[PDB]
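Peer 1: Each chain is listed here by its residues.
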Amino acid sequence: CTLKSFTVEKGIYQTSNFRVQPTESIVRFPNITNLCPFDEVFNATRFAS
Amino acid sequence: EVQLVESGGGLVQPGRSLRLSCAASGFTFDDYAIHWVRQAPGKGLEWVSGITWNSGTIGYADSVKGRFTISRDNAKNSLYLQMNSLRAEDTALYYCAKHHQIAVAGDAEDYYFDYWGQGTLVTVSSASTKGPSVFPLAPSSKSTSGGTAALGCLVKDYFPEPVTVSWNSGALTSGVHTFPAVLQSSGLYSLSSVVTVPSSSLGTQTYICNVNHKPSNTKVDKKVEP
Ligand SMILES: *[C@@H]1O[C@H](CO)[C@@H](O)[C@H](O)[C@H]1NC(C)=O
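As they're listed, the protein sequences go chains B and A.
The first sequence begins at 301 in the entry's author numbering and counts up by one.
The second sequence begins at 1 in the entry's author numbering and counts up by one.
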C-alpha cells in the first residue's frame, strides 16, 4: 500500500507506526473536606414566613 | 464586645402601633438567636417572642398572639418587633437578649440568654408628653468639710421617664447620686442629682446638666451658678 506496486524489490521499508493503546479511564482527585452548610438549611428546625 | 443597642420606645396611645429595633454589634448576626423579653417595674420579667439564627419564629406568649409580630434582618444586623393594639398591660422594659449556643443543626430545642441590653421604656397610656424643667440648684456657701457643697438639677414635669443626665460630654463617672423619680399624684416625675463639687476656685466642672428626653426632645444646656 505505502509503495504502490505488485513487484516490490528487495529491501526494508517503513510502513506503519505501532502504538500501544489504553485500558482504563482513571481519574484521581483529592479527598472531600469541609462540606458546605447544607445540613442546617435543609434540616433546620423552624422557618419564619 | 457585644453591644446590643436598642432603639424605639416612648409614650403611645392605647390602640396604636410602633416599631422596635435592636442593632447588634460585636458578634455575627447569622449564628446567634436573639429574643425579646419585657420586664414590668418591680414585677419580674416576661418573655415576648424570639427568633433563631435564621429567619424563624420560635413562638409567642399566651397574651401577645395575633398582636405582636417579630422579624429578623440579617442584612442590616438588627432585630425588629412589631406591636399592634397596645393596651394598659403592655408597659414594661422590653429587652434584647441574645443566645449563648451556636444553634447547631441536629440538637434539642433549648434556648437560654447570655448577653443582655438596657431596654426601652414603652409606656402606653392616655396622657401626653410634658417638657422637662431643669433648674440650677444653688450650691450654698455652707462650707464645713472639703466637698460638703453640692449642686445639681431639678428636672420635673415629665410624664415618660427615659431620663439620662450628662455633665460635660457623657463622662465624669465619679460619685453622682441620681435619685429616682416619683409620681407626684399627677403623672409627672422629678429628677435630681448630687455631685462632689469640691472647693470652687475656677478649677471645677463646667456646671452643665444635659438632660435628654426622647418623647419630649429638647436640648437643655443651661448652666449652674452659686
Ligand atoms: C438530615 O438529617 C438526617 C438524619 O441526621 C440525615 O440522614 C440527612 O442526610 C440530613 N439531610 C441533609 C440535607 O443533610
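No lab work stands behind these hints, which were simulated from the structure alone.
Be a bit skeptical, because a hint or two may be false.
Restraint-style ranges between C-beta atoms, simulated for each label pair [said to hold, decoys possible]:
no., chain 1, residue 1, chain 2, residue 2, range
1, B, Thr333, A, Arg19, 26 to 36 Å
2, A, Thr28, B, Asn331, 27 to 37 Å
3, B, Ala344, A, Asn217, 16 to 26 Å
Sample of chain B residues with no beta-carbon within 10 Å of chain A, all distances over it, derived [stated by the list, open to error]:
no., residue
4, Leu303
5, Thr307
6, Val308
7, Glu309
8, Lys310
9, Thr315
10, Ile332
11, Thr333
12, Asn334
13, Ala348
14, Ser349
All C-beta atoms, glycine included, are put in the ideal place defined by N, C-alpha and C.
Peer 1: A separate judgement is required for each hint: does it hold in the structure or not?
Peer 2: Tested hints:
1. B:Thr333 with A:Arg19: 26 to 36 Å: Cβ of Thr333 of chain B to Cβ of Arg19 of chain A: about 45 Å, so the range 26 to 36 Å is violated.
2. A:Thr28 with B:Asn331: 27 to 37 Å: 29 Å, holds
3. B:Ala344 with A:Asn217: 16 to 26 Å: Violated, at about 43 Å.
4. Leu303: Holds, since 75 Å exceeds 10 Å.
5. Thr307: 84 Å, holds
6. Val308: 79 Å, holds
7. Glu309: Non-interface label stands for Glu309 of chain B: nearest chain A Cβ at 83 Å, farther than 10 Å.
8. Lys310: Answer for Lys310 of chain B: holds, closest chain A Cβ roughly 83 Å.
9. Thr315: 68 Å, holds
10. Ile332: 18 Å, holds
11. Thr333: 19 Å, holds
12. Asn334: 16 Å, holds
13. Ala348: 4 Å, violated
14. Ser349: Not fine: 8 Å to the nearest Cβ puts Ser349 of chain B too close to chain A.
Consistency note: the structure conflicts with the earlier hints numbered 1, 3, 13, 14.
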